[PDB]
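When you get a sec, could you build the whole thing from the sequences and use the hints?
In case you want the letters, here they are:
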Amino acid sequence: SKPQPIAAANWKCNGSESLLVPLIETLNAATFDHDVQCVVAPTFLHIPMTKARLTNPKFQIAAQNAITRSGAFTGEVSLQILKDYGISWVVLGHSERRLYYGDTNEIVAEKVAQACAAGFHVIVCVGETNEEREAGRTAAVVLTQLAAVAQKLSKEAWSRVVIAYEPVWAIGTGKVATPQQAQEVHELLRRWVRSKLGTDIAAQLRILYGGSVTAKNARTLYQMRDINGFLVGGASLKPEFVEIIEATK
Amino acid sequence: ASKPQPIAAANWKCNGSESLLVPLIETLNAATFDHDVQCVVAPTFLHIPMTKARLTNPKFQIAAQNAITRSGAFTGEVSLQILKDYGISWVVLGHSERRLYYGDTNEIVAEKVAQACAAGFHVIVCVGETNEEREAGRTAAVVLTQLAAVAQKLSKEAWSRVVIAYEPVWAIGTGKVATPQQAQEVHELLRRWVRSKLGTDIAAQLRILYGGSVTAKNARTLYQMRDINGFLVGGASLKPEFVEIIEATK
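These protein sequence lines map, in sequence, to chains A and B. In the deposited numbering, each residue carries its 1-based index in the first sequence increased by 2. In the deposited numbering, each residue carries its 1-based index in the second sequence increased by 1.
Derived from the structure by calculation, the hints contain no laboratory data. Cβ coordinates follow ideal geometry from the N, Cα and C atoms, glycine included. Please note: incorrect hints may appear among the correct ones.
[As the list claims (entries may be wrong)] Some chain B residues well away from chain A (every beta-carbon gap over 12 Å; in silico):
1. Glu19
2. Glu27
3. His48
4. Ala68
5. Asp86
6. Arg100
7. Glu134
8. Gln153
9. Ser156
10. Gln185
11. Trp194
12. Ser197
13. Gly200
[As the list claims (entries may be wrong)] Partial pick of chain B residues on the chain A-facing surface, computed with a CB cut under 10 Å:
14. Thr45
15. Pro59
16. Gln62
17. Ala65
18. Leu84
19. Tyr87
20. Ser97
21. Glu98
22. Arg99
23. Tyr103
24. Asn107
25. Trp160
26. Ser161
[Said to hold, decoys possible] Here are the computed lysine-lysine pairs in the DSS-like style, where the Cα-Cα straight-line distance is at most 30 Å:
27. A:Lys218 to A:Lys251
28. B:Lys251 to B:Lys177
29. B:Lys240 to A:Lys85
30. A:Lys53 to B:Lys177
31. B:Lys53 to A:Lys240
32. B:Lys240 to B:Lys177
33. B:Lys218 to B:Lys177
34. A:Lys240 to B:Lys240
35. B:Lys218 to A:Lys53
Right, dumping it as structure tokens:
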């Protein structure tokens with residue numbers, strides 16, 4: 003009675019034809035016998051090679067970011083450019099962009115509203131830092147990030163929204179997340195969605211875990227009642243990613 | 002001294018689709034100009050693969066519109082190393098739009114340029130002052146502050162692969178209309194500073210491109226200026242008339 007899981011690969015700022023081609027070919031060979039939406043997010047530069055070569059029908063290609071409009075924005079890629087290319091999924095609000103690249107709550111919320119308006123599926127990332135977690139602000143922070151996005155969306159747009167929780171407090175700090183800690187946050191995120199949008203939207207919403215996911219820990223994470231799959235970092239650049247997809251059975 | 006090899010560079014900014022860009026690429030493949038000029042086209046990252054495959058005019062190099070200094074956990078960004086591996090060897094850095102909206106501070110631009118030069122890139126380094134800065138009498142102050150941040154991280158040898166583009170931000174989307182004479186004023190002060198810091202040879206060889214409003218109407222008026230070595234072109238580079246702009250560097 004979980005909704006359809008998602009196994010998503012965030013390749014981040016990594017890649018080359020030598021690295022990615024064998025990886026894509028492996029995914030093409032992978033068969034799953036369960037209903038799962040798979041997603042790969044290459045850098046913008048590798049999207050064309052990935053679209054040309056990825057043949058597995060259970061996969062969609064996503065961008066790792068987008069801006070809201072085409073125009074005089076040197077360096078950036080807009081949603082409209084992506085849509086014209088045939089890309090219909092996008093990751094928005096990733097912790098790395100919130101930290102280093104100017105993704106404020108308001109900027110993320112506007113990107114999400116426009117992506118949804120243009121027909122995109124969106125993986126919206128939320129997560130608290132170590133200072134925030136230790137101040138006891140975990141719930142407040144992730145719900146503030148979520149509410150900013152939610153305020154702009156009509157009910158129907160939620161069918162194309164996916165949330166990813168990133169335990170930012172666990173990167174480089176000495177801290178390490180457990181599945182039960184992830185479950186606690188996934189659960190409070192869903193309860194807020196339930197309170198705002200109703201039981202059906204909450205039950206069908208995919209909330210993916212975006213902390214460190216490996217073939218070693220994926221099965222135990224997916225066992226948690228409110229975890230609907232993964233936004234995977236480093237392991238998604240490796241053949242072990244196939245086993246991670248398998249753990250969403 | 003005599004001008005070095007001119008550059009005509011197209012900055013497509015955040016624009017493009019197969020229907021828009023293919024006609025432009027084929028217009029350039031069909032162009033007949035044969036003088037010594039380095040042409041550059043800077044597509045979005047998404048359109049770099051198509052452009053590389055389709056653009057066969059050997060007078061062109063493809064550039065990225067931005068890059069970061071290293072691969073890694075930088076979701077949404079493209080690194081110099083990823084571009085180098087793809088066969089891209091030109092990059093635009095410090096564009097006014099990035100300085101204004103996308104966090105390109107003077108120091109961040111300087112580190113990007115230093116890394117780019119070390120990775121074998123030719124770099125179009127953008128500088129320029131706003132309307133407020135010009136009114137305050139800070140034209141020279143602002144462009145030399147931006148350029149000096151970059152220069153502090155460069156070896157003398159790196160300069161062979163450096164190109165400067167002056168953007169009169171004060172005249173872009175404002176009621177102000179920059180004249181070729183005002184452009185020449187800034188290009189001259191830039192070259193004077195380079196000459197004083199690095200010597201006659203580096204200054205003589207350096208390309209300083211004008212990155213204000215360049216059209217097929219005004220391109221020759223600008224190239225006639227002594228210290229203007231070509232263009233970084235915005236809107237007009239999304240039109241067939243960019244061919245006439247290249248012809249203006251004769």
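A quick look at each hint next to the structure:
In this structure B:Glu19 is not separated from chain A by more than 12 Å, as the shortest Cβ-Cβ distance comes to only about 7 Å. Residue-level check passed: B:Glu27 sits 18 Å from the nearest beta carbon of chain A, beyond 12 Å. At roughly 8 Å, the least C-beta separation between B:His48 and chain A is not larger than 12 Å, which violates its mark as non-interface. The claim that B:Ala68 is not at the interface with chain A is violated, since a C-beta of that chain comes within 12 Å of its own (minimum 9 Å).
A Cβ of chain A approaches the Cβ of B:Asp86 within 12 Å, the least distance being about 4 Å, so the stated non-interface status is violated. The Cβ of B:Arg100 does not lie farther than 12 Å from every Cβ of chain A; its closest approach is about 10 Å, which violates its non-interface assignment. Its beta-carbon lying about 19 Å from the closest one in chain A, B:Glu134 satisfies the requirement of being farther than 12 Å from that chain. Listed as a non-interface residue, B:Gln153 keeps its Cβ farther than 12 Å from every Cβ of chain A; the least gap is roughly 23 Å.
With 12 Å as the threshold on Cβ separation, the claim that B:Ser156 sits away from chain A holds: the shortest Cβ distance comes to roughly 26 Å. With a minimum CB-CB distance of about 24 Å to chain A, B:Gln185 clears the 12 Å threshold, and the non-interface call stands. No beta-carbon of chain A comes within 12 Å of the beta-carbon of B:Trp194; the shortest separation is about 25 Å. Against chain A, the non-interface label of B:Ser197 holds: every CB pair exceeds 12 Å, the least being about 30 Å.
The beta carbon of B:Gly200 is kept farther than 12 Å from every beta carbon of chain A, the shortest such distance being approximately 32 Å. Of the supplied interface hints, the one on B:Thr45 holds, with its beta-carbon coming within about 5 Å of a beta-carbon of chain A, less than 10 Å. The beta carbon of B:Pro59 comes no nearer than 23 Å to any beta carbon in chain A, farther than 10 Å, and the hint placing it at the interface is violated. Annotation: interface hint on B:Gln62 violated; nearest CB of chain A at approximately 16 Å, more than 10 Å.
Among the interface hints, the one on B:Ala65 holds; its C-beta lies about 8 Å from the nearest C-beta in chain A, closer than the 10 Å criterion. For B:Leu84, the shortest C-beta to C-beta distance to chain A is roughly 7 Å, which falls under 10 Å, so the interface hint holds. Taking 10 Å as the C-beta contact cut-off toward chain A, the hint placing B:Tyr87 at the interface holds, the least distance being around 6 Å. For B:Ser97, the interface hint holds, the least distance from its beta-carbon to any beta-carbon of chain A being 8 Å, beneath 10 Å.
Checking B:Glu98 against chain A: minimum C-beta separation of about 4 Å stays under 10 Å; hint holds. Interface hint status for B:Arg99: upheld, as the beta-carbon distance to the closest one in chain A is roughly 5 Å, under 10 Å. Because the beta carbon of B:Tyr103 sits about 6 Å from the nearest beta carbon in chain A, less than 10 Å, this interface hint is met. With a least beta-carbon distance of about 17 Å to chain A, the hint placing B:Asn107 at the interface is violated under the 10 Å criterion.
A hinted interface residue such as B:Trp160 counts as satisfied when its beta carbon comes closer than 10 Å to some beta carbon of chain A; here the least separation is about 23 Å, so the hint is violated. Restraint check, B:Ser161 versus chain A: the minimum CB separation of about 25 Å is more than 10 Å; hint violated. For the hint pairing A:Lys218 with A:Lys251, the CA-to-CA distance comes to about 15 Å; that is within 30 Å, so the pair holds. Restraint check for B:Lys251 and B:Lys177: satisfied, since their Cα atoms lie roughly 28 Å apart, inside the 30 Å limit.
A hinted pair counts as satisfied when its Cα atoms are at most 30 Å apart, and B:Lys240 with A:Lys85 qualifies at roughly 22 Å. Taking the CA atoms of A:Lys53 and B:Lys177, the gap is about 45 Å. The hint is violated against a cut of 30 Å. Distance restraint check for B:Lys53 and A:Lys240: the Cα-Cα separation of roughly 28 Å lies within the 30 Å cut-off, and the hinted pair is therefore satisfied. Distance check on the hinted pair: B:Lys240 and B:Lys177 sit about 24 Å apart at the alpha-carbon level, within 30 Å; holds.
At most 30 Å may separate the alpha-carbon atoms for a hinted pair to count; B:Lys218 and B:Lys177 meet this at roughly 18 Å. Between the alpha carbons of A:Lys240 and B:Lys240 the distance comes to roughly 43 Å, so the proposed pair goes past 30 Å and is violated. The straight-line distance between the Cα atoms of B:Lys218 and A:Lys53 is roughly 41 Å, outside the 30 Å bound, and the hint therefore fails.
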